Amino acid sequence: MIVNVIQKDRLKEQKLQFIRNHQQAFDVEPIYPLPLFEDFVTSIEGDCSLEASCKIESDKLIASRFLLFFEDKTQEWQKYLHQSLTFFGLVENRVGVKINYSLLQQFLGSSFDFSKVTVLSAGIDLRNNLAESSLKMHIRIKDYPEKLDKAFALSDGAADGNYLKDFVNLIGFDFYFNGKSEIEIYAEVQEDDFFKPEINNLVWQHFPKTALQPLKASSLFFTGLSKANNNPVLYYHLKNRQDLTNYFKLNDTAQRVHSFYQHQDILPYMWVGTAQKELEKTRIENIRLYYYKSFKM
């Protein structure tokens, strides 16, 4: 149908525009191999979302970070996994690197129940230092205790981190271009549960008061369990991206990113990632800021 082809061509350009807006704001030259990711997202014709993010370390700005979230209502998770891995393979072929897939392979095992997947994403964090570049994948699972246990066994180990095992749904994979790979498990708390007394006992009690303040403006909180034995990275799903400066004490580099995105044609919400110790400071020096746009027919 003519409406369909016109819409498809439009969504393709809008995705490229979203990526280009981010890249052109923060990197005067695009970081290699960004075009392969552009090819990947434009090959995904079903409904999706894109994430563009910045990682700030004092005055250092790392901005070639993009993810695609598969959001076609058909629930064809295995197909999307395969599409994502095909993309990873092209990256391997063009750059001339071999990715270490072992953690993902072990996680998937041989009997993975794809109907238990609720989120799948694939993307990049590209650096001029090739070895430090990575491919990324997140898989969120629901009601799948066997795979939660498997992900737990695959990461750093048991205690500590075990105190939040029952809150884990999201599993993240990093695949570095130097053949090093990582897995992380994320414990989450949803907004509707923020004020429950057992949540204070099981979760909030083990974090400083400063960690709790941004929850006033968040719909979801999560934290990585295996990495950073102490000083865990805390992630907040801000309902409105405008609220960032009210809850997080930004440095100049982060303010630059915030300022850029205030009036872009993007989704209202954002994610904010920062180490626990940063919120205890008078000024955050290390922060990750995540912005989103949806692409639907």
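Residue numbers count along the first chain shown, from 1. We call the rigid core whatever largest set of C-alpha positions still superposes within 1.5 Å between the two forms. First, how it differs from the form solved in complex with the partner chain.
- A 2 Å or larger CA shift between the two forms, after fitting on the rigid core, occurs at just one of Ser226, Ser218, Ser133, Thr223, namely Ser226.
- With the core superposed, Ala158 shows a C-alpha displacement of at least 2 Å between the two forms.
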The other form holds:
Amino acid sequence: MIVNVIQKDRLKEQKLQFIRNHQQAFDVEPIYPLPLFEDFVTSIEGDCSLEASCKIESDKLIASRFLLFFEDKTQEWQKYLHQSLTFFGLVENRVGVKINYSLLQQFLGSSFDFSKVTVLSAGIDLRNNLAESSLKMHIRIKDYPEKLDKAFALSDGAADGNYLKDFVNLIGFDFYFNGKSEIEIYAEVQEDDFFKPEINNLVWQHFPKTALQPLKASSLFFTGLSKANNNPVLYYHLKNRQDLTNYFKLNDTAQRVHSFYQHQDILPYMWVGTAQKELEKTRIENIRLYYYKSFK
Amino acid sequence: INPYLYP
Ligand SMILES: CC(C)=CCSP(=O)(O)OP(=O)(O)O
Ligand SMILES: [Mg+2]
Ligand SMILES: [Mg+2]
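Requested next: the structure of the form solved in complex with the partner chain (the form solved without the partner chain having been shown above).
First the chain shown before, then all remaining chains and molecules of the complex.
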């Protein structure tokens, strides 16, 4: 029992540490309301992962981006959903904002089968301009075509085609502090399928050649579809974060992020997000970089 | 495998 007490406290601090490392590297002052997210990660007692992230816009570094993945192998999805929403409510109270939940409500509907959930995340993407700040949630669904149809319908035409239902498992929800909300659909291709002719037919031949190059170093590929996106966002899951510079032509700002992370005590893999037209360039100007730590 | 894909 005493072992559990030590480990509990240890995990709490290790999580805050990962968060502080990231914030302290890129922002002298924490963006409000980061301390509320810090309290939320602390309140979660099971096994989790954290994502710390930077969005680079030329020389603009946006670094107050964090996500928690519920990974306690009990599969208590409804419990985790209720904890996430409780946290979101607290943010509403302290900040004095009202979140628009309608897209999540319609997606959940009345009959949600939680046994079909394989990932749940909750988090923040915080700005100095409160209105531009957002709360985030992802839900990954397996063998739930009824819910896939719903999310596609909710996309409001950002869903490029109904043939993409074959590729979609992850659903993203953004909740802006100004009462605007967005849904995102992520079309995926796994590594085992990269070289299949059906995949070349339905996916690869629609992308320029430069978009295909980072697949060599990747275990997974998403295309993020949302009407909040200026362009389709291509996501590459690099097996080793060290390969970033080999496959992506980084600007100074993104190199700074890359440099900081090369020798942090974090997971070997990373995610990279960039618009298709950035890869056509001689130097990427707009890029999203995602780093991970697990806490068992 | 990773936090966005269970295995
Ligand atoms: C890293 C991956 C594959 C998915 C999460 S990216 P997102 O759409 O949640 O993040 P953005 O805030 O849109 O950059
Ligand atoms: Mg965002
Ligand atoms: Mg997005």
